[PDB]
Structure formats: C-alpha cells, structure tokens
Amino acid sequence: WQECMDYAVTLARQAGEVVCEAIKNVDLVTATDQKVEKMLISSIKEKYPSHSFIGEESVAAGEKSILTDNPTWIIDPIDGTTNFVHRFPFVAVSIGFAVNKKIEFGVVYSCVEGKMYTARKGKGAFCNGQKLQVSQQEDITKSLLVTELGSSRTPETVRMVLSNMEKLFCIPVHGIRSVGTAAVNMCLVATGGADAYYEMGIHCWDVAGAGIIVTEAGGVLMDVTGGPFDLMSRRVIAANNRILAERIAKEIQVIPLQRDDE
C-alpha cells in the first residue's frame, strides 16, 4: 500500500498543477474539474484495475456510496470551487484510500499555497515532510474554530447554520474562521493552527482524505451527536481532542440531511 500512497502523491501534485495553471488562466471551473477527474480516475484504473472508487461521478451515474472491503479511492478533484472561481487562495486536490472499510491513507494538496499534506495509518501526518501535531488546548474559551456557512440558501437552513455559530461564539470561544474548503480546514486543525472544525452538509469525498491526517496528527473525528464519526452521514467534528469535540457536540443543533448512503 505504500506504492499506492506514493503513487497518489504524484497524482495529487500533477492534478494540483492543472488546477494552478488554470487559476492563472461551460465555465473554467467545470472545464478544469472534468479534466482533473478524468486525469485522476483513468490513472488509477490503469495502474490499479482491481480497485473501486467513490466520488461524485460514481454517485451521479446512479451508484450508491457504500464502502466495501476492496481498495476504494475516495477522490475530490477540486475542493474549493467558489474559491477557484474568485482566486481566493485555497483550493485542494483530495484523495483518501480505504481497505476493509477503514481509511488507510489520505493525501491533500493545497495548490495555490504549494502545500502537500499526507498521512498513513500508523506512520503519522506531515505537511511537506514536516510532522504535524495538533494543539493542546482543552479550554473551549481559548479555542479558535473553523467552519463554513453552507452552500444552501434555504432560510430554515441558513438560520440554523447562523444559530449554531452564535451559540458557540457566545460560549465564548476565541474566534471563528472560514477559509472556504473542508479539506483545507481539516488540515489547519492537523497543524495546530486551529483547534476544531465542525460542519454539517459535506460529502464523504470532501473529508476522506483529511480525516486521517487529523488523527495521525493526534486529533479526534466524531459525529455531531457525540457518537462515532460516520463517513457517510454528511457531518463532522474534527478536533484536537475529545473534550473540545464533545463540547461542540453538546451545543449545536442538527440540520436534517440525507445520508450519502441513502
């Protein structure tokens, strides 16, 4: 599996480059998205024809995101679309790989920054060859959180997204940031740059790569309820530690959402 991983890192860099080259300069973000997943999918089918793959293409072609025991690649060609369009500086290419339904490695590349985050189950997390360690803050009032406002303009939803932000802001927490991509937000928690990231409405391909980088940097992922993280539930709390994770968990309120499963 290390060859698979070391392959995936070259494939993340190359994809990274097509995204970056296109950021200098059917809209451009769609043209570049179609090119990079074709690049990414037929490069994994040629070298690994045995392996399965979950992504948005497979879901849109009617297949269900259900993870089996066979090597699956959970691919996100460009994480940070709106960003791409604005040249707002954070877009990531994401690749997560699972065997026996557990993620084995994750590779996230932040194009415009030139940063390559990798992690492998058991061997630790690194940003560009330097090891990552999450923070030690266990006090919620001194923690800095990252989250996003959603892609939904449905007012019942928007009011809850803002309602939950308010409750946490008033705890008080140190502050909240939004950088515009879920994969990069989780890498910021892996470095120690933020203390926790929560979001309800993401998709498994958005988080499968960076989830393992949070944990090999020493953090915890868990469900918005307090229960175990569930890759197909559309919701995540990636934190530096359980204390903080549970805190966030007890205060927010669920936004009903249809599992990636159903």
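Rigid core: the largest C-alpha set superposing within 1.5 Å between the two forms. Shifts are known only where both forms have a C-alpha. Numbering follows the first chain given and starts at 1. Compared with the form deposited with ligand LIP bound:
- Superposing the rigid core between the two forms leaves a single residue from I41, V220, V59, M232 with a C-alpha shift of at least 2 Å: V59.
- By the rule of 2 Å per CA over three or more consecutive residues, the rigid core superposition between the two forms yields shifted runs at 26 to 29, 56 to 66.
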The other form holds:
Protein chains: 2
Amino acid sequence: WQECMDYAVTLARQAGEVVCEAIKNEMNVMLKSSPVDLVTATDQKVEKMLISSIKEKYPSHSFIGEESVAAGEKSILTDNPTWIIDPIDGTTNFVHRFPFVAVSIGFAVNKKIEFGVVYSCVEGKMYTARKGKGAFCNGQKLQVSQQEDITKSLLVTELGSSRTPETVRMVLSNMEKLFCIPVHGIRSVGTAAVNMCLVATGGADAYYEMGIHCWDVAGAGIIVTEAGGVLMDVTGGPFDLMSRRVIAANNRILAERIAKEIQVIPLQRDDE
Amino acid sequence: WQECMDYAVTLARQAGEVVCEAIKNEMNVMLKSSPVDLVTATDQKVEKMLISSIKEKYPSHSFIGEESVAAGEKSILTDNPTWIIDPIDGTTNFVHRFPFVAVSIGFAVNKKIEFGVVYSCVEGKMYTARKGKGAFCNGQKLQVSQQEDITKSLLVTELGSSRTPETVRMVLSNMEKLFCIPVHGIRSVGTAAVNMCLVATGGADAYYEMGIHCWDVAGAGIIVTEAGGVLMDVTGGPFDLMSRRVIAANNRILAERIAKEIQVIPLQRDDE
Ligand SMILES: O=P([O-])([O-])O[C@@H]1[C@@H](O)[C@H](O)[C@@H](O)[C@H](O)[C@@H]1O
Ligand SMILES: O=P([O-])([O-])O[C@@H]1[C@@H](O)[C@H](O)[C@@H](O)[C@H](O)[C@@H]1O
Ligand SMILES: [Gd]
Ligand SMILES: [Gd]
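The block above covers the form solved without ligand LIP; next, return the form deposited with ligand LIP bound.
Below: every chain and molecule of the assembly, starting with the one above.
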C-alpha cells in the first residue's frame, strides 16, 4: 500500500494546487440539496481528475466520492480497496475565501482505513498517516494532547448543513450542555478534516459532530488515531464510518464524557 | 503619528516573537475571576515589556492594558494619546496551542483610533492600518467583501467567557436566529482581533460579539474600517469602544440586519 500512498500524496498536492488557484478567481456557485448546500465547478473537476488518475493505475479499485455519489453513484463500502475522496472539504469556506479548505483521500481495505492524506492548501500543510507508522504534518510527527479533564479542554465542532429547526435545536443544546460543564471553549473552522487534524496536532482536545459523511472524515480519522487519539461513535461504542456520527478525541476519557453528555440526532446513513 | 506607528509595528513583531516561542513550552496557567478566565506568565511578561518600551520613548502618553487593569489600573479613556494593548488576545488558544493568537495595539488621540497593529504570530501575519491610509497584511492591501445579501453571508462570533446560564442561553438563542435566516455559516477562531482581521480580508462578511473589552478590539477596528468596513454597536447605535459590544461588518446593510435580529445582553462598561 506504500506505493498507493506515495501516489496519493502526489495527487493531493496537484489537486491542492488547482483548489488554491481557483480560490482567488471568480466562481460558479451552484446548489445541491439546499440553498446552503453548495458546489462549484472546482469541486466537480477536481474529483474527476482524482478518480480518473487513480483508475488508470489501479483499475480494479473502488471509489466513494462526494460529487460522484451526488451524480447517482451509491456509497456502499465493501472489502475491496476503496478510495474515499472529498475533493473540497469546506466548500462554503472556499466560496467565501475563508482560509481553511482541505483535499481528503482515505484508503480502506476490508472496510478498515489503511492510510489517509489531508492537504490544507491555503496553509501549505500536508497531513499523512499510514496504519502502524505514525502521523505527520510536513514530515514532522504528530501527537494528541494529554488532557484528561473535560473542564480544562478545548473542543471543536460545527453547526452543520441542516436548517431544520428541531435538528438545529438539538445541535445548539448539545453545545450548551458541553459549554456549561464548563469546557475552556469551543471552536469551528469550517471543515471536519481540518478540525480533526487540529486534534491530531494537539491544538484541540476533541472534535464531535453528527451530520458529516464518510468522505469528510475517512482521511483525517487515521491521522488522529495514528497520532495517539481515538475514534468513537456518539453512543460511546465503536466508530462506524457510514453512520454520519463521529467523536475524535485525544483519549477515551474525554471521548466517553462527551458521548455521555450529548443527545443523538436521527440521520439517514451513508449506506441507506 | 507615523513614527509612533513604525515604532508600534516593531514592538508588536518583537513581542510576537516572545509569545510564539512561549507557546511551544509548558505554561503555568492561572485563573483570574473564573475557571475559564485564564492568564499565564507570558500575558503579563509581554504587557510589561510593551508598556516599558513605549513610555520609555513616549513619557507623556497614556496606556490601557488588560493585565494592568487586573492589577488595579482603571480603563478610562481621555483625549491624551493612549496606547490600548492586549499582550495576548486568544489566551485560551495560547494555553492549548490552538494556532490563532494575536498581539494587539491600538493608538487613540482625542478618543479616536489613529492606527492599529495586529500581529498573528503563529501565521506570521502582520495587519496594520492608519486612518485615511488603508489596511494591509504584510504589505498587501485589504478589502472587505461585497456581500449585501445576509442569506449568502458567512459570520464569525464567539461563545464568550461567561458561563452564566442566562447569558449563555442568550448567546445561543442569538446564534439560532441568525443561523436560521439562514446564513451560509458561522465560524469561531477564538480571538476577536483575528476574527475582525478575517472580516477585513474579505474571508468573512461580518463579526459580532457582546462581552469583549476595549483592548480586544482597539487594534482591529480601524483595520476593518480602512479595508472599507463599518463598526456599529449591537443596539444599532454608533460603535462605542467602552461599551463591551460590537458589530464589525463589510457594509451597513449587513450590520443593521444583524442588529435587528439579535437581542442585547446588559453589560458593565469598561469605563465603569
Ligand atoms: O460539504 P463539505 O464542505 O465538503 O463538508 C462539510 C464538513 O466538513 C463540515 O464538518 C460540516 O459541518 C458541513 O456541513 C459540511 O458537511
Ligand atoms: O481574554 P482574551 O484572550 O484576551 O480575549 C478573548 C476575545 O478575543 C474573544 O473574542 C472572547 O470571546 C473571549 O471571551 C476573550 O475575551
Ligand atoms: Gd466536499
Ligand atoms: Gd488577552
């Protein structure tokens, strides 16, 4: 898989180049499932580039990509080598020129992530992680923080892409519950992949969200775990990649405390 | 004042060097008025340095600083030249190594800000602005966004430092109103001065908050205005540096629409 991975880092750098040239130019902003679910031409062409490049070298492999699943392809994860691609994680940031946009590639064999690559092109930061080998940013090794006390922790989360009132209501009240524990604070930079890479560096202690997709988190998940952190479902159980929920923490102590505090929001799975 | 200003830029870059070497070392964290109201040796160290060097060169000038006020100095603004200083805006970010911390200096004469310098040391970003002379980031000229439609805007705000349940419920309730207009999104980077600097560059369309202080916003306010933005009280009234409240928007249409939507929290003024 190291060949696949070496190839992946090369593709991520190239697609990052395209994303960061486009971010300063004029854009065609179109709508996906709602007025706040957006897509530009750059989302579409970068995903096209990546999928057809990988298919060339590795014609037997499977793909799950955002814009492809949007085009009618299905998100069904099987045992076959599958590349899980978000061409632009943080499309709303991109459209606004808010300076956090990531290219994300995860690679799963037997439904387990083997390596992940996250390229934050505006910052010039390349995060990579291979199962068993550690996590790196620009060739430097990452470690999660050591905080075990929730009342001294800094959390990252997002409000999400739903404006359904009851949903929005549970998101905000889950926030209030954690805020008033109290925790030191809560941050939102606008993309799941970068929020998670900030946990891996030890800049934040935990990230949680409900509503994300498998493509938003596949690459960054192995970066957290290889840096020493943990992935978990909001029930407190095992992380389920197709479930649309994630807690990504420095350790199980903080992970479990969050799970205990927050209420589950009902969501259709990626595999339904 | 250009000599004062050139001096200020030199001082901010210097102090930024202290902050950003300190951030990679262990801190003893201390509390002020609450368990989420944090201070370290560096906040105090840096403010002392800053105030000595200025009044070394400018004996007649007045000073307002966060840790000085915590040491019993009073935050009254006269017509005298006054340096308004936050050594570290983003102390909780600093403590955690969350990569957004700023040194902030504003300079007021006759109770109006003449110039402002904000140094985001981890990114190596120096934002400066002088009345009538424009806004710059590392030599590059800033311009706010053109967005006049609130339904297509991206906002920044912070949950703040109060854990009083009445206040917190108001903060989130105001959030919910705006989120559900709907706006494209809401981000939180953890420091007012950096939040406001993101508005000046055009990356975010507007920032608002209640509960901040004159030292959090004195430097970055003139950077937004010289980039073409507007400042305003959340009441709809004129911005008031001592009122603990601010909207910093790209334009009047957005600022007034926000004031309309949100309710005011009663706050103790800085000059009281
Ligand atoms: O659409 P996108 O920018 O690729 O992915 C985004 C995620 O990174 C973010 O965590 C989530 O809150 C947004 O709703 C959206 O899903
Ligand atoms: O205390 P500090 O780090 O100098 O300044 C911080 C501000 O930048 C931030 O906008 C606010 O939400 C925090 O409560 C705090 O006031
Ligand atoms: Gd995306
Ligand atoms: Gd401060």
